[PDB]
Every structure is written in C-alpha cells, then in structure tokens.
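Listed here are the chains, written in short residue letters.
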Amino acid sequence: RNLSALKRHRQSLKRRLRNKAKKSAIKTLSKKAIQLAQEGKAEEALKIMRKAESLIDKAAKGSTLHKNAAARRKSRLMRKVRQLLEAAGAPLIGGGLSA
Amino acid sequence: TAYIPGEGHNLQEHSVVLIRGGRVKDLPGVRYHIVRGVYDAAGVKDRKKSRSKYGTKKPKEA
Amino acid sequence: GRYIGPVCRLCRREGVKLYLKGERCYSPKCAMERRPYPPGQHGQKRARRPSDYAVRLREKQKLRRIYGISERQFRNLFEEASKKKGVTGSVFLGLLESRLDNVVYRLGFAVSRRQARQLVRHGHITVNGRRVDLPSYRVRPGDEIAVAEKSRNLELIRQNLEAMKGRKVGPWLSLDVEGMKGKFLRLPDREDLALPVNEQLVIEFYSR
Amino acid sequence: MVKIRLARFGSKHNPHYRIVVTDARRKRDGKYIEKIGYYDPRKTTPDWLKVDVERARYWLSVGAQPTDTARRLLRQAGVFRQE
Amino acid sequence: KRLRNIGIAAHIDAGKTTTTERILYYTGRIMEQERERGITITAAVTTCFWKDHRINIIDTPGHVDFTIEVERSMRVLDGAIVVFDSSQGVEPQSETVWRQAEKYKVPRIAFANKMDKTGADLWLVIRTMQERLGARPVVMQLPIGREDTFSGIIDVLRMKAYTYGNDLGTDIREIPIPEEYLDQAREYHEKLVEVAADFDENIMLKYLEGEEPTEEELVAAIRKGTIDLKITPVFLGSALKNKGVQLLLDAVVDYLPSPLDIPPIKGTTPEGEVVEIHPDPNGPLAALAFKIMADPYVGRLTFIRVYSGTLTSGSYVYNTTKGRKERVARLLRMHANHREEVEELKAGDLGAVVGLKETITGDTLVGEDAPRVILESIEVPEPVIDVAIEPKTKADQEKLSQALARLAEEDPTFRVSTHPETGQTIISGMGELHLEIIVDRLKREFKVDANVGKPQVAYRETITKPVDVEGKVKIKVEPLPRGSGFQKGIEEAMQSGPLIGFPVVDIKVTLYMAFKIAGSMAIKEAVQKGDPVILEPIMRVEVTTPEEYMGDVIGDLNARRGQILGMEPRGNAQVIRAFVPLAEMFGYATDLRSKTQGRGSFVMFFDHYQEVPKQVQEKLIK
RNA sequence: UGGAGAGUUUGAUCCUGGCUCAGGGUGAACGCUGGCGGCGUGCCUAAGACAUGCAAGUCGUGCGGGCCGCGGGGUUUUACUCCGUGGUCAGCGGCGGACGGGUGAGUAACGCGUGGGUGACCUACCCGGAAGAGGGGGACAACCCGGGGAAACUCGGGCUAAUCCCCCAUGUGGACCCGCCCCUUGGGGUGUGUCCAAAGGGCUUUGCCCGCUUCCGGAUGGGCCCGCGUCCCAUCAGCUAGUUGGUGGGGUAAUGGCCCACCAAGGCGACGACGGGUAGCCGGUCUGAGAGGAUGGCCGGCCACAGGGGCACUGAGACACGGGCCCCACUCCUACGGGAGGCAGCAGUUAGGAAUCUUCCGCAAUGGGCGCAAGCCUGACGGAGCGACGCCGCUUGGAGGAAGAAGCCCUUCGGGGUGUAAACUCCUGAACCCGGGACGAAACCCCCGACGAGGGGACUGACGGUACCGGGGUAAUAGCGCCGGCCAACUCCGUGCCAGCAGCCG
Ligand SMILES: Nc1nc2c(ncn2[C@@H]2O[C@H](COP(=O)(O)OP(=O)(O)CP(=O)(O)O)[C@@H](O)[C@H]2O)c(=O)[nH]1
Ligand SMILES: [Mg+2]
Ligand SMILES: [Mg+2]
Ligand SMILES: [Mg+2]
Ligand SMILES: [Mg+2]
Ligand SMILES: [Mg+2]
Ligand SMILES: [Mg+2]
Ligand SMILES: [Mg+2]
Ligand SMILES: [Mg+2]
Ligand SMILES: [Mg+2]
Ligand SMILES: [Mg+2]
Ligand SMILES: [Mg+2]
Ligand SMILES: [Mg+2]
Ligand SMILES: [Mg+2]
Ligand SMILES: [Mg+2]
Ligand SMILES: [Mg+2]
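Chains as they are written, first to last, in the authors' numbering: chain AT, 8 to 106; chain AL, 67 to 128; chain AD, 2 to 209; chain AP, 1 to 83; chain AY, 10 to 39, 55 to 496, 510 to 523, 543 to 568, 580 to 689.
Accuracy of the hints is not assured; some may be wrong.
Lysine-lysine pairs mimicking DSS-like chemistry, simulated, CA-CA at most 27 Å apart [as the list claims (entries may be wrong)]:
(1) AT/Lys38 x AT/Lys14
(2) AY/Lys513 x AL/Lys123
(3) AY/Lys489 x AL/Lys126
(4) AY/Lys381 x AL/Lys123
(5) AL/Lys123 x AY/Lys689
(6) AY/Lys381 x AL/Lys114
(7) AD/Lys166 x AD/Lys22
(8) AY/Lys248 x AL/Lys119
(9) AY/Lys489 x AL/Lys124
(10) AL/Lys119 x AY/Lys596
(11) AY/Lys489 x AY/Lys265
(12) AY/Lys686 x AY/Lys591
(13) AL/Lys126 x AY/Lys346
(14) AT/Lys81 x AT/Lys48
(15) AY/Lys591 x AL/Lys124
(16) AL/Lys111 x AL/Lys124
(17) AY/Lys471 x AY/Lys513
(18) AL/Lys124 x AY/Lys496
Short derived list, chain AY residues pointing at chain AL, Cβ under 8 Å [claimed, not checked]:
(19) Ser111
(20) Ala427
(21) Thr442
(22) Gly447
(23) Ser452
No wet-lab data here; the hints were simulated from the structure. Built from N, CA and C at the ideal position, the CB exists for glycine as well.
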C-alpha cells in the first residue's frame, strides 16, 4: 500500500508555504513602492523599493524565484518607481537607484 | 446466410458455427461459407480426399 | 527435405537420366535403359505437346532433382544468383556446385549425391581440418575438403577412394587419393559441367 | 551527465557492444551522441576491442564520465596513459 | 500416510455443514442461493490438521439434485463420514449416498448427530442402519442423557467417558463412567471384541479365553474391518452443541483409511490394457479433475486428486481424456478461512489449480511427457427432468445460451439440447430444485431472465379410412398398421397436416412441374376426406420402486393416461414397465419422487406414435 | 541488371469494357498433419474491468531518537538497563521518483518530417577556470503527554538535532535602474546607486576524501519561433470577439492575444477558410520494372496519453504512469463513525474476440538511481519457458537389390502400373546413454606507486552440467493441396440437374 513519495508530498507542502510567504511579501512591497512613487513620496518609495529588491534577490537564492525572474521583477519595479517619481520627484533617498 | 459445404451435415437451430467468407455463384446473397470441423459443425464423414477443407480427421489405416 | 523416396523414377519422368544412385544409374538398370517413360498408369501414352510452363517447370525440376535440394533452398539459391554479379544462369550453377554435399560427390568420396549428404551429415567430412555436417555448406575457392581421420579407413571410404585411383576429378578441383584430401580451386565454368539442363529456361521459370 | 558507455548490439548469446557517448538518461540502446569504439567481450575476432582515443579524450575533457566497464576498456587502449 | 481424505455425506439437514463447520475450529487451535434457499449446493475441499494428520474434507450436498457432488467426492476421497439426524434415523437420501459409497468402495463411519433433539435415539439409527441399508453398525460409543439432558459421551472400546458442561466445546474434560451405563458399558467391550474377533485372530482366541485384548490391536482390528467395508463404526454427538466432535475427529484418524489402505485405482493406457496406478510420489503423474469452479478472484479453479506422482506448480500437463496440453499455473489449498498457495501436490493429495482452460470433471491429467493413461473417472448420472427455456426478451438469446454452455460445463448432470423438430432449447437436470437453482442462477449470476415451460410435443397425423381421389390425376389412400411408414408432389404435402399442421404418416398412396401440383392438391384433400386423427408420441417407461409404493405408483401412471405392461424385480426393489404419452410425462420425476419418498427412479425412451383420446384434438386445434 | 499474361459479351470477328485468376507479402486466424534445433516474434478486439505478487529507491560519511544482538561492569548480577559498535525502525534532511518501462485513446496540428532561427531562453548531476566557506539566531517531526478511533491512524500541548529555516557580515563576482562607449531586436563593456552567497561530514589530521556558496566558460539535454511537406467529403462556402493589429500591463527561463485593461477594425477563405469524417507522425516496411501504390506491428527517433475531465504544488525539470487537489464514472473495506482504489509497468485474471505466452530465472552481463565505499535497489535488462506464428538449418536413412514377389489399380485377359519401391545384403549411426565441459569476466575493490599513469592480487555466471568436445550407440515421424481450362498432373467405379463442386468460364 505505502510508498514514501508520501515524504515528497509532506515536503512539497512545507516549501509551498515557504515560497507563498516570500512571494506575497514581494508583491505587497513592490506594490507599496509603486504606489508611493505615484504619490510622489520618493524617500519612502525608494526606501521600500530597496526592501523589495532585497527580498526578491533573497528569493532568487533557492527555489522560490530564480534567474532572469528576480532580475525582471527588479527591472520592472525600478523602471516603474523611477518614472512615477520623475513626474514631480527628485530622487530624495539617493539610495536604491543610479544617479 | 452461409453455405454449408460437404455431403451431409449436423446443423440445426442453435448450432454454433464458424463463418468463412467466400460466396457461391448460385445462391444469391450467400456471401459466406461455414467452416466444417469447427464449433458445432461436424466434419464430413467418410471424406477421404480433400479432407482439410470439410474439417475431416485423417482416417485410421488400422 | 532431400526428398527420400524412389529416385531412378525421376532418373525418369524428366525423361533424362540424372545420376541419383551413382553406381547403379550406370548398370543396364537406371530404368532410362529399361523403362525410359514416365511413371504411372499412363507414362507410355501419347505425349501431349508441353505448355510453355511445363517446358520450364520440367527444366527447373530437372536441375533441382540433380542436386537433391528443396525448392525453398533452390529458389533462394537462385534469387541469390540473380542479385549476384553477371550471368545469373552460369553463376547459379556455380553456387549449386559449391555446395558441400555436392563437392564431396565430385571428389568421389561418395558414389551418389544422396550418399555424399549422408557422409557429410555423419561427421565423415572435414573442411580445412574442422568437421562440417551441413550439406548446404558453401565451399569457397581454396578449401581443403578431406575425409575425417577417424573415418579414414571405413569400408565404404576405401572402396570409393579405390575407384578414385584411375579417375580425373573435374578441372576446378584437385584430389589426393593417397591422403584423401581435395581442393576446390575455382568456381565451375558453365561448360565444366555437362549438364542435361538448359539453365536459361530455369531463369525464365522464375520470371513468372 | 554525459557518459562513455556500452550500447548493446550483436544478438542473443552474441554480445557485441558499441562504445558510445550519450546522455546518461537515454535508454541503453537508444540514440547516442557519437560512436568511438566497439567491443566484443568474447574476442571471436582479433580486432575485438577498438577505440578512437583522440575522440574519447575530447569527450573525457568535456566532462563525460565513463562506465566502470568502459573505463577499463579505454585504459586497455591507453586513453589514460600519459607517458 | 498420516493423511485422511474424507467426505461428509448424509440426508438433507442431517447436519453435515454444521458438523464440518465445527471440525474446522477444533482443528483450528494453532455462497448465494445457499443463503436464500438454506441449502448446501456446492462443496469445496478444505484442509485442517488433527493429530499431526492432514484431513481433507468435502462437505456434500444432501439433495438428489446434486448427487453429482457426491458422485465425485466418493470417487476422489478415500473415506467417508455419514451423518444421521438421529431423531429420524436413516432417511431416503442417506440410502442414496450410501449406495454411492458402496460402488466406489468407501470405508466409512457414521455419526448419529443431533443427540440433543426431541426424539433423538441412537438405537433408531442403529436399527435403521441395519434394517434399511444392509449394513453392520458397531457401537463405538454411548450417550449420557436421553435427548434434552444429553450431557456426555461414553467411549466403549477404551472404557473411558467424557462430559461437556456448555454447548460451546470450551468445558469438556474426562470423567469416569457413572454406575448406570457401566453395566451397559462392558457388553460392547465386549461386543466390539466380539466383532473384532472376525478381523484379528489373536483377538478371536483371546476372546474365547475371557481375556480382553490390547487397546491398540482392537483399533487395528476395527479399522481393518471398516476398510474392508464390512463394518460401520457408529459414533454420536451434537455438532450444534459441541459434543462428540473431537471424539469424531479422533475416530477419523483411528479408523478411516489413508490413501495406502485402499486399492489404488486403475487406468487404461493407449495400448488398451487395464493397469493399476502405483501411488508413488516419484512415479509418473496421474490425477483426476473432479470439479470446475468459476471463482473470482483467481478465475477458473480446477480441483484435482493426485493418485500417482507429484504435481508441481508452474508446469505443463496433459489432459489425456481430451488430449489438450494444459498449464498448472499455481496450486492451491483451501483452509477454513484463507487459501494457501503451495508449490506442489503429491500422491494422495487434493488441491486446486489455476491455469487449466479445457479440463472438466472426470478428466484425467498426466505428466507433460508421461504415459498417457486414462483413469477410471466419475460416472454420468442421467437427468430426470427437462423444460423449454427461452429468454423473456431475445437479444438475451445469446447471453442465455452462452451461459447454459458454461453451466453444462461445470456440472455434467445438467444438459442443454435442442429439440430437433421445433428448435426450442431444452434444459435438463436432476430435479425441479435443480432447474430452479439454475434459472435462479441465470438471473443473479449471469444477468439473463428466462421463462420455463413444458416442451411442446412432436405430433403426427394419419387417416382412419381408405380413400380415392382426383387431383387436377387420381390416387387411392389407405391407412397402414401403427408404425409402418409410407410422387415427389405428394411426399411434399406430407409436411403439413390438416388439423394442427404436423407431419402425416403411416399411409399408402396408389397412383392410377405439372405432375407436382396435382399430387400435392390430391393428398392435401385425401387426408381431409380420409377423416383424420392426431397421433402423439408414446414413451416406454420403466420405473423402479421399493414394493411399498407400487399401488400408488401404478395408480398415478394410470392417472397419466398410461397402460401398464408388467412388473419384474430388479434386486432389492421392483420395476414397473408401461407406455405413457410424452405429454402426460412432464415433471414425472418429481411426482414420482413424492409417491416413493425419493426412492423411486424411472427411465423413458420413445417407442411409438398412436392416436389420442378424442378429448384433446378440439382442445388441440388451438 | 529491368517489365510474361490468361479466361469470360458473338453464329463467328475486331474493338471497347468490366468481372475473374496465376505472384509476392502479414503481429495473423481456421482445417488436416507435425520430428529436431537456432534466431526472431506473439491481445491487431474492450484506451473494458481487474484478485495476487513484484516493477523506486538509496545515503548512518547530513541529523536526533526508538528497538535489538553483542563487546566493556555498573548494586556482584536479574530491579534504577552506563559507556563503546553493528544491526534494525520509522522520522527529519539530501539525491533519485520528470529517466527507465507501457500504450496509440486524442491530435489534420509546427503534432511530425526536413531545414533553419533565439540580439527571445533554460539545462540538476559532469568538466575547465576564479574567488569564498566569517559571525549570529530559530522551528518542525522523531520523541514524551493528553483528547479521538473499530482500525486506518488523527488532533492538541510540550522537548529536540542537522547539510532544515532565518538574519548579519565579506562581494571574487553577479543582478537591477540610469548615463557613457562599442555592437545592433534584449549581444559585449563601463561608472556611480541599490540588492545577493554559503554546510558541514569522514579519516591514519596542521595533510588528504567527500560534500556547501558565488561567478565565468564548456559539455549534454531542453523550451519557444519560422520556410517548406503532411488523408477523404464542397451533398461542408463562407469563417472569426481575444477575433486581427496597436498601446500599456500581467505572466514565463523566454517571444507571443499566452492572459488583462484601453484604442483601432481588423484577420482568414476556391492556392479550399470553416465544418464533418478518418488518422498518432517519421527512420522504415510490403509490393512494384519503375514511377507509383499500400502500410507505420517488432527495433530506433519525435509527439500524446496514464479510469473521464479540469487544476495547480513541489522542483533544474512535471502540470507528474506506480505524487497531490476537485468534479464525474465505476469498484472495495466498514463496528455505518468513516476509509480505500486506479496493470496503456512484468506476470497473471476476467470479459470481448477468429486470435496472441510464464502469476518463470537472474541481477553473472550491459545500462540506470543512490552511496566515499562496501553495497543496496532495478519485471530496464540478460536469460530461460510456452506457441510451426515467422525465417534459416537439420532428420525420417545410404549403397546394393528382379525384365520386376505379394497386395491393390487398370486390362485389348498376352500384359501394363505402383517400382528399386518393398522384401533381402551390406554400410553409416538422429535419437539415446557415458565421460569431460565452456566463452560470455574484468573490472569496481586490495596492495606497490601518489587513492594519477603505470605494475601486481582477489571476488564474481542467471542462462547451465546448457552449448560444445571425446567415447559408446538404435534404420529411426510424413503429411497437405491439386490433376476440366487458366495450371504441372488421368484412368476405373459409384452417381445420374440428385448428391454435390465452384475463383471465373461453368
Ligand atoms: N438440534 C440439533 N440440530 C442440528 C444439529 N446440527 C444441525 N442441526 C440443525 O439442522 C440444521 C442443519 O443445517 P446443516 O448443518 O447445514 O445441515 P446439512 O445437512 O448440511 C443441510 P444440506 O443437506 O442441505 O447441505 C442446523 O442449522 C440446525 O437447524 C445438531 O447437532 N443438533
Ligand atoms: Mg496583501
Ligand atoms: Mg474438389
Ligand atoms: Mg428434515
Ligand atoms: Mg449442508
Ligand atoms: Mg430448509
Ligand atoms: Mg452483345
Ligand atoms: Mg493438433
Ligand atoms: Mg518545422
Ligand atoms: Mg509586453
Ligand atoms: Mg516552469
Ligand atoms: Mg486514433
Ligand atoms: Mg506495373
Ligand atoms: Mg484501463
Ligand atoms: Mg500502475
Ligand atoms: Mg470468448
């Protein structure tokens, strides 16, 4: 009756939560940042972007994201942050993104 | 419908039969033959020449 | 295979003296001498003129009966000849004649080709030192065909190699009666065999 | 990874392998990248182990692992000896 | 051989299935219409061990309807246990199983079961054992309590006695004989010894001298007598209430034969000469399939007895009886609760095989390469009742007949046939109750629902006065003696008669495309003007009955429109010959069985045609 | 190096023209008959339903426990069961279960074939190269406790270890925005900003072996795209709403209406759209003089599917054949509370069918997974079995033996035929029996050398006491079809448009 692919199942479930956590975190922060960039709040927009960047990259490390995927996430975040800001802006918290 | 080849036979109302294909230029709408020697179709008794058509066992030369 | 059953009865029918018993089919006996007509209740009746088919059937059958070879083996042998280089007729004979059972008869280690079969088959023949018992074995140019050391002095073998002192063995072969060795030198030319067989009609048999 | 290994050819009671390089995940008798040697474990002929050494070395150098049994046979034709 | 193959056989509801069920429990200390109808119908072999002794048991059905299941165990088994409703004695189907045991030479003990029931009397059984079936019963034990208070069992022979506290077989345990019975005990030891006298002579002498012999040499002397089929040890107990069963099992291992203690069976080599089959486990293989079962979960199960050799699982064998090569794919042992798969099955042993596609009962199996011998098999017997079967709605026609073919293959007392005149499918068995469980087996087991009914008869017609006629050419048509017989135009209107349309027969036509139409219209008319009468098949019947029943039997034959022809004895009973119309002979066997308390039998063979009683005809133009 | 035609429409002829046959072939089936061996090959139907066993595991050199057998004495020992090692058990953690194996249901399609494209991408383990492996924390099972259960086991509370999780650091390097140079679809470089690493285990231990992390390159395997090629019906002629395109997003490894908002009104179709029917496609295969025609079982390659349908999770990879969820169909256990199941893996059963095998042996080999290794696992595989199913080979005798027995057939009553066929004489010696007996197996490992090269040693065989060799040794199965023409092969009897034959003429 029994195979211990059951194990693999038990395990997939743990990782499934692990990655869910990192992923939903990455979107709440990415959203938050673009939202602040649009309000024009650039110290906190960039503040958050950095956090998001970190968490995306942290995620690239194992199975959760990888690759061009994180890079992409990052790319779109700072493409979207830098521009919303630029409409008003000045990149206050000089942190996060190239001069 | 199906031809029953051989001199004499033992087929009746629920006899099981092997059908063969081959028509008969003579009976219209008889497209098939019965395979003698199989299921309930007996062989042909006393047959001694073309014995393997006609499903007839090789007779004993005692 | 090899038929098994009455022979100098097709020594007849083919109407032409094959040599299936070797030695008797030389006495006032191969029935070609006595009863040169086909077997059976008819046989000595009006010959109806042969269909083009029968002409060739018979020619084909003649040749085959000469070597004592199954039709499946024969057709195969023939189809091989056809694919092979140059004249299918001649080549095909050479392949028939390259057979071990027949080589052994051509060496006169045996009287008849039937006999040769039985000798080969019973371990009495050896090709290049190792023993062969496959009548169908193909003999190649340059092969030593001898009589097995244990068989060397058997009643039949001494009789048969006694008669080979005197005789000439076909040009495509060599023989060493003292030491019981033979050599297949080359493939038989179409003329080296005086065959009572127009092989060109046999090719035509297989064309249908 | 990619492998140097014995692909079985010949026939029943007639093993005749090909020394071949192939993804490990192919079936044994399947498609392969390249043939390099052949091997006849019963030495029914004198040329019963052959290998193209200069190719086997290319393949070893780009990270093909050989089978134990394959290694043995490349060794035997001196793929491994270096003077 | 440390191994006992034994059947349980008895009248209906004598308690065999219960007995068996208790044997498997004691020997255990380390089924559809059977429910609906309350009967055993199929018996299976089953193994268990008593005193380091392999017991193979076939619990047989009681009903005549299933005689085949005895005519089968009584072959392949070596010894029998014959149960009795001791409240009833020897019943008519006890007589039956007995005469079957007789013909296969089956050593046997009896078991007066139900010593607890109101009426239950050992002496009933004993008397009746001797009065009604010619046997010599031998009292091996005695009871402790006329019916309601049957609490314990005296074993004569060993002088010892056992009493049971509960009806559970969990508080048994020896006691001494009490004061009473103790005078009664003795009297058999000696009286067994009286009987043993005829078997040992060391007991013979030792008897005369008033010296009681040794416990072991009696047993051997009894056992010897059992196996020579001259002595029938009687034991008692209540299977229901766990009393005498262990004793019974002990008694199986004491007196019932191991395969060595019976003549080994015979076969017929291809040459033709008879020959005994040595029972060696290292001889060639010879074996008898005696039952096919269609079992999920392993598929077709074939039960076999191995007489010679070692049938080894995962081989090929040869069905000499129908010359097909078969495969034993695995071998099987049926225990009370699970099935042991075994690697082999040696001489003297029964099991079940899987593989095996063609083999049926009576069929003989031998080694793959072995002497193709054919073994004395199993014995027909012949069906007594028959009915038309057709499905309620056709299309089910195929399901129906495919099934009957399956079923006529499982059990060769059930036949299927096709009346040659009117092509209705005629089914035949060993009783009403047989055919009922068959039909009731086509609905449940094979999902085909059928009707049943009297086979319609092959009628005939003829004329009763000579006649001359013109067909537009002229003919004279007289009758002929009953059973005589009989241009191309006239034999052709001989098909349909005027009245019902059955063949016309027993007439002489005298003549005194075109020609055809004239004879056909002439005779067609001659038969009307000739003033006809319907003829109807008449069977010659001989029925066999203990003389008790003769009057009532004959009376009922007369009641069937018969004509008695005479009566001779055949052995212990009495035969009556008679003519009776096929029509009135429907369900005769079960009417007969009521009139003879299941002791009568009968057979029936077409004899002649003859005209009817002027009542039918009108009631037959219909 | 390759090509045969014949019968049949008529009073007869020519032509037309259909029907019919001789040939080859097959996963075959059926009938009569059947001796051996070798190599192939065997559910073509119900992609119906399946009892039972086995088909995927492995690491104790990742980690902590339970149990057991020992060693070594604790109270001297059985009651507090203590250290060391060698077993086992699940658990946690890895790597594998995406390969191998099955099947052809769906699919008329970039599915396949063929050739290309990717400046539009990925690739675990393997190899080459560079640089690291520095700090800290934490939880979940196992385990104990309790509630629950008939059990499966299930919940709760608490303990705990690691190569489990998490943060911090170093940043060789890498990612990302933006600017610059080169290049030209997203390719390479560069600057500043931000953001990102890691794991320990074993030994004979200041040295070796296995692992961990980041980057670059290689190799291998893939994804997506495009040209062309890919059946029958037009009695299917119009099709299309994410439909065609754009913009901006979402998504992915990556392009893309793949998905979503918005805008525009497109896109496709007689060069056959759409629809219906059939079908997995190819290397090949069969046939054919060829061109063609037909086919696609076995073996190889690609695709699809895993009771029907949808779905995602985990992951280098799956939308997963022996993993998961839900719906549907069907079955099974049940104490009626609930549980369980998916042979198109190997065998096998059952049903359907004209019809298709062993519930075999073995991991010795080759290949695969895990492991430092020993080794474990492997119904892949290697073999054995059954079947004349197919092909190749072999036997049932050979030489002698009468103007020719007997029997049987014909007969013009002399003969003629069977027929040298037999009988009979010699000869050989399938089977048998005796003795001997393989290759396939040398590696991994061990020792010298350095755990490299190179040298030396040891183990290992399912098939198999088989193949084969040697020695003895018996005259030892033959049947099936046809004999009017095509078509090779004719007489007698029986029969009398009957019985029957028949592929066509008849
Ligand atoms: N009083 C009593 N009754 C018994 C005993 N044994 C059986 N019976 C009764 O008779 C019934 C007989 O059933 P069973 O034991 O199957 O008898 P059977 O002879 O096998 C029935 P069949 O002959 O049809 O197979 C029991 O249930 C019970 O009714 C017994 O030992 N004592
Ligand atoms: Mg949220
Ligand atoms: Mg005929
Ligand atoms: Mg009763
Ligand atoms: Mg009963
Ligand atoms: Mg009842
Ligand atoms: Mg005309
Ligand atoms: Mg047969
Ligand atoms: Mg393409
Ligand atoms: Mg886009
Ligand atoms: Mg993906
Ligand atoms: Mg399809
Ligand atoms: Mg052509
Ligand atoms: Mg299925
Ligand atoms: Mg499965
Ligand atoms: Mg069937």
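### Task
Measure nothing beyond the straight line between the CA atoms of AY/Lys489 and AL/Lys126; if it is 27 Å or shorter, mark the hint as holding.
Between AY/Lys489 and AL/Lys126 the Cα gap is close to 53 Å, so the pair fails against 27 Å, i.e. violated.
### Message
Check the hint pairing AY/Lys489 with AY/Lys265 against an upper bound of 27 Å on the C-alpha distance.
### Response
It is violated: about 76 Å lies between the C-alpha atoms, which goes past 27 Å.
### Task
Below or equal to 27 Å on CA atoms is what counts here, so check AD/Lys166 against AD/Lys22.
holds, 21 Å
### Pair hint AY/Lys248 and AL/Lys119, alpha-carbon separation not exceeding 27 Å
violated, 61 Å
### Task
For the pair we were handed, AY/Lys489 and AL/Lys124, check the Cα-Cα distance against 27 Å.
violated, 54 Å
### Query
For the pair supplied as a hint, AY/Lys381 and AL/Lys123, is the alpha-carbon distance within the 27 Å limit?
holds, 23 Å
### Query
Hey, AY/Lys591 versus AL/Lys124, does the alpha-carbon distance stay inside 27 Å?
violated, 48 Å
### Message
So if I understand the rule, the pair passes when the alpha-carbon distance is 27 Å or less; does AL/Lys126 with AY/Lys346 pass?
### Response
holds, 18 Å
### Message
For AL/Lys119 and AY/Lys596, compute the direct alpha-carbon distance and say whether it is at most 27 Å.
### Response
violated, 51 Å
### Query
Is AY/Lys471 close enough to AY/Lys513, meaning Cα to Cα at most 27 Å?
violated, 58 Å
### 27 Å limit on alpha-carbon distance, applied to hinted pair AT/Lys81 and AT/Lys48
OK: AT/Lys81 and AT/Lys48 at ~19 Å, within 27 Å.
### Query
Minimum Cβ distance from AY/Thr442 to chain AL below 8 Å?
Hint holds; AY/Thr442 Cβ to chain AL Cβ min 5 Å, cut 8 Å.
In this structure, the hints that do not hold are numbers 1, 2, 3, 5, 6, 8, 9, 10, 11, 15, 17, 18, 19, 20 and 23, in rising order.
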